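Presented below, as structure tokens, is a lone chain in the form deposited without this ligand.
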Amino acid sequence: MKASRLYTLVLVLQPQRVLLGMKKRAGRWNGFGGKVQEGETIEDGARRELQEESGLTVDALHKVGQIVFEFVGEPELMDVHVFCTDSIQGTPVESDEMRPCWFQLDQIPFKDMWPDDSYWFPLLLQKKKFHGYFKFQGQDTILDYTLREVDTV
């Protein structure tokens, strides 16, 4: 089994809208996140990446899922820990890396999101917790995947 590298993903989910970020350099909407750094907890890495990529500062995040990504031709798995909060207290800010944008929950921009999001994002919206795994050939094609609802992440 391949080694895996720790990443975070953060979804700001309010009752009628969700915050996504357009990857500027790319072209898909995503939650905010990045690699976990040495010595920080996964949740603290998620808070840090939310601040760096979206400008939002939050004190706490709720873990809602974990997704492992395998890319054909790449040696490592991406082990993505997915977090969610409903509670913010500042405005998102656009950088040269991510442009944050709100979407109503009947307008989730799946056509411009990664293909795996079609499977797990509905579980997140239902307040279900999940474990997923997706194998990709390139950016567009899923060759294999698993997804399970769990009671504990």
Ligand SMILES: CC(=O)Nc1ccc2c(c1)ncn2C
Given for the second form:
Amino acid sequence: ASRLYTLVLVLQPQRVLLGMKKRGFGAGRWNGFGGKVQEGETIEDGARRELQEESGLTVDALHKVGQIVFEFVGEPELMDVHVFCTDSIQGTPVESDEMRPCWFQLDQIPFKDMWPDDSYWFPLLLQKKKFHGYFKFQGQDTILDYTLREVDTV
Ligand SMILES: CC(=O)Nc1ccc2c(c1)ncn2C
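Return the form deposited with this ligand bound of this protein as a structure block, the form deposited without this ligand having already been given.
Let us now look at the entire complex, which starts with that chain.
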């Protein structure tokens, strides 16, 4: 019982792009860009499509960096999140009704206003490490338990 999702981090040598989500799941938190994968669409194409829809940016090269499974106690579907990174983009980030993008210096990543699991795996993402993770949540603020390990192949 799992549903595919993508998450794209535009990570440049001194900064990362995050978007403040205005409504829906995760509203009020800074997130990477992503969403559900369509029928007949590859995960990578879904990731490129969501990055454009949510940030206005066109990604050139995308790299697989992780896989994170989210469980919400009482929710039947697990979120199978395929995480990607890019340093090569085109366009300028666009603020829309749905998302407010902002660049953050790497030492100023706003973890207090992000999903709690980000504090766990961002340190790996910042050091160019790949990972497999699983986070069990109670509501949207509490991590009941988790696993996170570094991998050679996502
Ligand atoms: C950076 C980012 O968007 N991370 C993120 C994105 C979505 C997440 C999550 C963490 N933890 C649970 N959900 C649903």
